[PDB]
Amino acid sequence: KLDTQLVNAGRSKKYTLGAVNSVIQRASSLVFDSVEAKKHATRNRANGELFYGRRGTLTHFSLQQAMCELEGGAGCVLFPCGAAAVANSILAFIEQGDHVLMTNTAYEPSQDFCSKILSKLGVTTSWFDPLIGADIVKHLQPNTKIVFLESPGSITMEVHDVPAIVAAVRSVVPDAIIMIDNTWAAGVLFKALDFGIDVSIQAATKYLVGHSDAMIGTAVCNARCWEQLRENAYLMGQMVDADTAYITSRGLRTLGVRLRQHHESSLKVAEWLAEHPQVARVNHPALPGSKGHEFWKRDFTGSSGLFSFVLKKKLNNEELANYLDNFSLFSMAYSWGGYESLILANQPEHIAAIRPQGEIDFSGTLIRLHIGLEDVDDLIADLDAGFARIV
Amino acid sequence: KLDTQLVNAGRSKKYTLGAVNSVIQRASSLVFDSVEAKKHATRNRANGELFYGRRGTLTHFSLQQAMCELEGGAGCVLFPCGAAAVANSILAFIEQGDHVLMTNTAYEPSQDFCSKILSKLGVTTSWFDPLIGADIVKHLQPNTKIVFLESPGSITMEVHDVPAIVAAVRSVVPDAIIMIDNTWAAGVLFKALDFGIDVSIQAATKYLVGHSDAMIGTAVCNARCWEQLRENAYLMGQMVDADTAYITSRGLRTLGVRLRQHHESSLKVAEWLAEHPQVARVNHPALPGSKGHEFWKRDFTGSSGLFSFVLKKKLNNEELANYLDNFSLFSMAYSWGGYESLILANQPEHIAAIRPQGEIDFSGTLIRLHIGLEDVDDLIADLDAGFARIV
Amino acid sequence: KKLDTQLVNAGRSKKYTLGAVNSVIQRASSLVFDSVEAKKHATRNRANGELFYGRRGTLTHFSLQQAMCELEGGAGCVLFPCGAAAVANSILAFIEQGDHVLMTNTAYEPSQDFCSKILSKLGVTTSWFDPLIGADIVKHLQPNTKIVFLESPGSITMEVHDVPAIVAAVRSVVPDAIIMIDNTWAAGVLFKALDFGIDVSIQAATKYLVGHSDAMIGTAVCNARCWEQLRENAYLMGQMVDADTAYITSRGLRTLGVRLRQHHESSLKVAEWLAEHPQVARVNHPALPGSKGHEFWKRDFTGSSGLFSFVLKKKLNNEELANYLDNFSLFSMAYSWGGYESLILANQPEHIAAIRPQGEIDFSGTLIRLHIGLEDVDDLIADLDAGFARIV
Amino acid sequence: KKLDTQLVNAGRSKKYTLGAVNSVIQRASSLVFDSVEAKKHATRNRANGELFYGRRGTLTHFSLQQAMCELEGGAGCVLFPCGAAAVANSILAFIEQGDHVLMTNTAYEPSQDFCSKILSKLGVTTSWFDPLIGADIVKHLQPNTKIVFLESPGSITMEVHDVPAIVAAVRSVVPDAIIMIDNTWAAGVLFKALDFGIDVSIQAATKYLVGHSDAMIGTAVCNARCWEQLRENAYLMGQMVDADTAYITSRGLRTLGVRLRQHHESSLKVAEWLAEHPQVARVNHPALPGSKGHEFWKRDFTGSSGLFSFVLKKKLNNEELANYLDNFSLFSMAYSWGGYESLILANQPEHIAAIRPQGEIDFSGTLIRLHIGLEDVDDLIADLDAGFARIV
Ligand SMILES: Cc1ncc(COP(=O)(O)O)c(C/N=C(\C=C\OCCN)C(=O)O)c1O
Ligand SMILES: Cc1ncc(COP(=O)(O)O)c(C/N=C(\C=C\OCCN)C(=O)O)c1O
Ligand SMILES: Cc1ncc(COP(=O)(O)O)c(C/N=C(\C=C\OCCN)C(=O)O)c1O
Ligand SMILES: Cc1ncc(COP(=O)(O)O)c(C/N=C(\C=C\OCCN)C(=O)O)c1O
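Residue numbers (the deposited numbering), protein chains in the order written: chain A, 5 to 395; chain A', 5 to 395; chain B, 4 to 395; chain B', 4 to 395. A prime marks a further copy of an entry chain.
Since the hints were made in silico from the structure, they are not lab data.
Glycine included, each C-beta is placed from N, C-alpha and C at the ideal position.
Possibly wrong hints are sitting among the right ones.
What the hints assert, rightly or not - List time: in silico DSS-like cross-link candidates among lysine-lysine, alpha-carbon distance up to 30 Å:
1. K317(A) to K272(A)
2. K18(B) to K18(A)
3. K18(A') to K42(B')
4. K17(A) to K43(A)
5. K124(B) to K149(B')
6. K316(B') to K301(B')
Said to hold, decoys possible - Covered stretches of chain B' (chain A as the covering partner; in silico rule of three or more C-beta atoms under 8 Å from a C-beta of chain A):
7. 7-16
8. 21-27
9. 178-187
10. 205-219
11. 249-260
12. 377-388
For reference, chain A alone in the conformation it holds in the complex:
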């Protein structure tokens, strides 16, 4: 029934007014017919009553309802981008003197936010290995306020054993807020809230939008954390425009057919690379032997299309240009989650720098690939040609 949910989520007549998709209500000012109406809206300003554009319009409410039913939360808070969803969700719960424990495989800017902004506000951050499991208790402090997860991890793709981590945390620091950047799973391939996680964050910019042309972040919360996240994110003036909200609800409609193709093509490319002579290791959660694959297998209901692989050799500057500059179907660009395939290289030194209190375990150039909706065989032929270029 996921396909049915995706098609129907947030589509109440209150929001569609007869149309299939919700109406786009662009507004800052929202008019009150009377003093009584104004009083009523004021009281319900955070409960879906039209009050002021910063809180949202019908278009925002439709998307919020959809996100809550898809991820099973008590409320959904919207942001300009995923990076804003991360930074502000963390900021809504911290106070001078708190400690933030974050996986060392977190998206780089999430780490930078902690070490550059939080540090100057009297908050300390320490990092942990993705595969630590129940031993995470060795990193918990009495002042640990937030435990920040990201599975699969950025770039290297390690999958956490979320259940073990959550049990260990609840037993030591029950009051901690456990957050996860659940972007890779698009919030549906891994039901974060069902595993005891308080807040599931997404750079909806990726698979929810699915077309590389809108930026937005979401934070679906459980009943325990919603109000504080909502109200504090609001004091920071966080919101997203009505059109992007519309485009995001629109992306959900094809989320199922897209993810199935991404899963199928990326897995096929992964198995092919795994058997290739110039490839040292393939980091794809659905692929056996990949770090945490066992947890992906037990906890997830699917795969999306982003993964990486490590070459047997470290390419020099000329080899790198020769390799990357001549692809036909893969484009060099940041982000992912769209219909077109993307490729980016990372040297071992680059990764070593973004793995705090951790150690890198490969020596060849790492290539991150996003497998789009093109024909898988055409993509493979393009990769094979690339290999021949650095042979």
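Please build the complex by placing chains A', B and B' with the ligands on the supplied structure of chain A, with the hints as guidance.
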């Protein structure tokens, strides 16, 4: 030449590609043709080179260029709304142990951000009277990092003597960052940066958009503050969508003809209210006898259309409903800066609560009015009718 | 009550805005019926503002249609993809093989080409008349004349018709003629066509209603007599406009008053300056005395917009034209007009003569058409004066 | 190389994307010329992808036009406000008074009404033929037959033409006929019309190309022989589509492959289930054996989409129809199709008979048309089965 600037700002062929308005480039992913191109874009990622959607696309660059030339700054940082521009601009400069001095007439949520978020991060905030002038030195502390101005003040409209305030601050705490919420003047009727102010903030949501259908915030900085504001706002993931940026550059084009009408009609309504039997006081910066009118006269080059007036009596709940519920041309709604006229009432107790370390000086109901583009005589006839309703 | 108040509030009922200041944007092809009963009711009112199918429109289109009817005082408003679509389909909606179309020879060129390239192969004939024919237009009326097409001011050359004379003359001979007017220059509000007995007022809303040079749309406001036929035949041709453009046009209306007063005030000052200039042979501005039809404009209109033209005393050659046109800094070379930026276009006498059917032009120097935008007028005057110096 | 790879990359050259993945949205009426030289060059190439005027298009339109030509293999692609506009204006572009139009009697109804209500008053006659006439279509050809209009599968009833037979038959008699086809059901990619000798392939891109029920647009991809005439005459009628809809359609193309495979796989499973159902008289699905034209579909197409219909053994009365239609939870009642949600519409035999010119229908029970969306097929089957139970 303001009219000519407004029509031409940010309209380089690089952004228009032959069109009159800039193209709308929606994107998260931005493609690099080669490794060399990628390296070049990386190095210039903050200098207008296409790099990644979070930094912006051609559409954002066009708006940034326009804002910088109109306000005379070194750079312009964009936000989801004015409230985000305020909260994040302040956050980019503070550190645990700092002190924030803010005018007590600041927009309420700007105050709440300070007392609710900043307080828990080891930052203290104290407030000051709008008309304090050079005596502001009595509130400066050695750890005063930010001095936050707002002229005219929200709701009550007091105008600061910015030059006196800036001189006093520079003489005691040279390193302080002086910020101003320059929304009422739409950044053009008061050139904040020419008075020694470091950052001019705007809820572009108001007069720049001018149609009540988009939310955005801008922060134009001097060369001294730009980089830190830019980079820190970026770690918080602050940005605005490409379409809203487009709509904002589009609003600038008619900014001049709109402001002249707003100025002319609001001044006419102000002079009429000032002579009305049921009105105790009219708070309009352009109107003689208004708090700080002398500074508005010396420092500003015009007026916009927002102002307030105080009735001779405090309306009871029935009188209030009877008065507000039966207007024909004024709508009850938040925000302002659009083409339609708006009205909102505030009891003296409500204001007293949002004037920290200050005292309220009126006892009658305060009515805030935004004078739109309707026929001024029709608006006056509607107000007169309202008076007759509470006579 | 007054125009400005009407412009601000037209079409903005709660039914379309739902609490917001502007109407909602309802993008749709499919519109859902809750029941067989609801479907029946919508079908029966599919042309009277009940949601039925996107080709007929959504809430957003109805808001604009209502604003247009209110402003121009019509019984219905039909929407098209652009102004040329409005002209071509409005004419097509009323003709049959064997009908005759009488059109002003100052009609916008594509309007002429439609008649002589499309209409002709369908057995419809077209003849033209001088804008200033007035009551003498009876000499061109035929028994099979179905449509009389006016355009005041005329395109490029700006002649104003003595509409009251033309209408009375035509109604005395062919009472049942369908009189139409391309009322783009006046933006439908500076000249109330339907009050003068005209049947359909057409506008390339692309110009002043949108006001920013970034959207295209055509409108046709009709009296009660002509509404159903224009509506249904334009519908059979699949004519419509997207919801977003409808929103932007409704949005353009809100500042139409303040913008028009600025275009009027500014173009007039430029016209007066040009009039007294040594290198200008004549200025064709409806608001300037001695201009063709000035007294009719003065009598029938309630304002002016910013487009007009003037004639140089000299007919520029190729090098002089490039040196003149290529070096402007405030006037851009581009088609269309009605926006916030100032535009300039040049026409040689032979180009205009080529598009003045059954008529003779009255000038021999290069004609310059100017659209006066919202820039500072003294800056605009300075830019032109530099242009004059490149010609000497 | 393969379809999916083509769908992802079609029309996306750097010239239109400027570094982004999708083409830029260039909203414009006015397009500025830097010099007289640049204006001359743009004028001369105004119809060959050089920025000239918004009515001709901007970068955004050119990106889509290029994608469409590539996908359907045409020489040019013309854009319209909607599918009905594409059909009506494509026909109008080629006829003259005295011409004859031969159209399938299973053509979408408004396509028929255009011919019999508009074309007729311009001296053009129209006759119809059975979808399955094949090579016997020669019996309806006249010396003045200018256009042969096909629509396979036919609207509502889904008959598939034996196009290769029809084309050869027509070319043997009237070589210079302009053969046109409404290729909406196949989304222009499941049946390559231009490869079968058809001149113009028309689509209501509103359906599958947009794929989300929120935008309207019509396309006409032409061979080299018919491009200029369709283009220029559609232009004289002011036909165009807004830049934003062009962007959304280009965007719809990218997921067209994955969506179509799901519509095919799902509708087929529903068709097979319905076929074996006690209350179903017949199932009209081109991919289902025993369906009209199945072997032609099997032979000429490369897939199926999600729209089809079936006939109940009973002809429902008013109460039964409401009880049936009003209680569905997954199928919405609405016009159009081609999106992500499942839709249902009912037709009585007399309604269809009323729109089957010079033909006889072959059923007597209530006909139900279904659009199978992207929902879970077992959920869809369950909803229908509950409907069947309300009828018993
Ligand atoms: C897991 C994950 N979370 C959060 C974010 C931030 O979302 P945004 O703010 O962009 O909507 C990203 C974006 N990740 C990429 C974007 C990088 O852009 C380059 C500059 N940092 C990427 O290439 O992996 C991400 O990969
Ligand atoms: C001077 C000033 N600065 C900043 C802001 C915040 O901008 P925003 O985030 O909305 O784009 C406002 C909005 N002020 C109003 C908005 C209020 O909404 C009601 C809820 N606070 C108002 O009615 O004065 C303002 O008046
Ligand atoms: C009086 C008038 N009516 C109708 C139209 C057509 O409206 P549209 O289809 O463009 O929405 C125009 C456009 N006029 C110009 C634009 C045309 O440029 C293309 C070549 N004709 C012009 O330069 O005056 C016009 O000036
Ligand atoms: C095969 C076919 N061609 C052309 C069109 C017209 O495309 P449009 O103008 O709508 O973009 C339709 C629309 N068909 C339907 C929609 C019509 O509803 C309105 C009444 N006809 C339908 O229910 O099948 C169609 O089904």
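**Index of numbered hints that the structure contradicts, given in increasing order** = 9
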